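Next up: a single chain in structure tokens, the form solved without 1,2,3,4,5,6-hexahydroxy-cyclohexane (INS).
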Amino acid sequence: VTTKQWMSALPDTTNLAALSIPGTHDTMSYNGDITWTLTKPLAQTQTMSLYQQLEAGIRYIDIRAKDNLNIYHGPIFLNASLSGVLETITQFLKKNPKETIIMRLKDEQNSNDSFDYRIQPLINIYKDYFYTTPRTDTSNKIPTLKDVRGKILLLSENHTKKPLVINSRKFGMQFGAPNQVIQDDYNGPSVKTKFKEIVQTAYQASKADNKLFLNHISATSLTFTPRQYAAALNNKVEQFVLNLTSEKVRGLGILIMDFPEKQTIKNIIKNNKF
């Protein structure tokens, strides 16, 4: 099947936690302002544009923004706006209505509750593309593909530390909620150690089916750039996934990468049973 519509070929009854999903770390860092070009080797995490990543099979995106509604990487403007991102995601879901996108939306300047209010008018404009549940519901249960067809599963991360609530609807869930298991050891780990943590988290994900596993392949170091880590790790992780597929082991969770290759993305998708 085509990477452009791989999820459409899956059963409506399949739970989101029972899948192996390819994702990108700092999705929008493939372009930026003059500061981005000057610090490029340290700041860059992708080569494909948002739209190219979606067509390549990426179903998990990591979007960082500030209350001015622009996309950032710390003090670095990424030449993109949240409205631009939402229109792109929405156009993709309109063209391929059976796919679902998991989106981490982070407040790049955690210190205010103004971000929460600012993004509301924008999200509300595209509410028909967001998986939503009643405000009076704390079940935080992971949905099946039936409930998220052609929709965005939002994972909010901000100062409030609570899910985005607009009116009487709760848009998605909170990033870091009890139903999620996160491996994000980015602070200069050795390749050997980082690989162990990736493998261990993938192993645990395969055994669980009621939790979302966000497994970060990405990392940074003063002496090692995101590009260098990815060149060492993506292939190792790709071979590991290929082996587990032979062993009939599925549902490895969300594998979040920097500079993923078309090949690697396809092999992670192939881990799911069609």
Contents of the next structure:
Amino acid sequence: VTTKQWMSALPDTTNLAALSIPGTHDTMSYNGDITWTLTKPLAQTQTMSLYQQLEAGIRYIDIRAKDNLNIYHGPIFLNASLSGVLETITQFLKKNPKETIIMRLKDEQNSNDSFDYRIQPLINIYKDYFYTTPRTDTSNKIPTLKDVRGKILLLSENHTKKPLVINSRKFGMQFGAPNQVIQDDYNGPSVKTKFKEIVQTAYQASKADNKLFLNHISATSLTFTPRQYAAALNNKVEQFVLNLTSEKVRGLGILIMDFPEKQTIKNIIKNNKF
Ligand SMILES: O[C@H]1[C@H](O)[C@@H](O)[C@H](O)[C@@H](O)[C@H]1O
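Same protein, the form deposited with 1,2,3,4,5,6-hexahydroxy-cyclohexane (INS) bound this time rather than the form solved without 1,2,3,4,5,6-hexahydroxy-cyclohexane (INS)?
Let us now look at the entire complex, which starts with that chain.
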């Protein structure tokens, strides 16, 4: 099967939590302004553009914005807007209608509630492309592929600490909600330690089927760049996944990476059953 349409080949009845999904950390940090090129080794986390990542099989993206609706990496402008991102993602789903995309949307200045209101008009323009439930529904249950076909599962992260509610509909769910387990030890861990946490989280992910696992392979430190961690960790993660596939262990959750190589993404995909 093609990496461009790998989810379409999966059974409609499969739960989102039962899959091994390749994703990218700080998805848009593959280009940026002058400050971006000056701090390139510290800030860059990807080489492939958004459309290229989607075509390569990535189904989980990490978009970080500010109330001006532009994409940022802290104080660094990434030469992209949320509209441009939304249009790209939406075009991909229109072309490949069975795929689904998990999208973490973070506010870079978590000090304001103005982010929630400002993004609403833009998100509303693409309402037909978002997985949505009624406001009253607090079921929190993880959807089935049938329900998210050709749609975006939004994971909101901002000051309000609540899910994006536009009109009477609740858009996606809250990032960090009780139905998702997150491993995000980014703050300078040793390679050995980081690997243990990745492996432990993947192990726990296999035993459960009622929660979403966001397992970050990514990290930084004052003396080790994202590029350096990826070069050490990605291959180790890849071989671990290859092994588990032999033991018939599937549904490892969302493996969120920096600088993922095409072959690595394919092997994570192959962990699912077709
Ligand atoms: O710099 C970190 C890092 O990128 C983590 O992966 C992300 O989850 C945190 O929100 C962010 O502050």
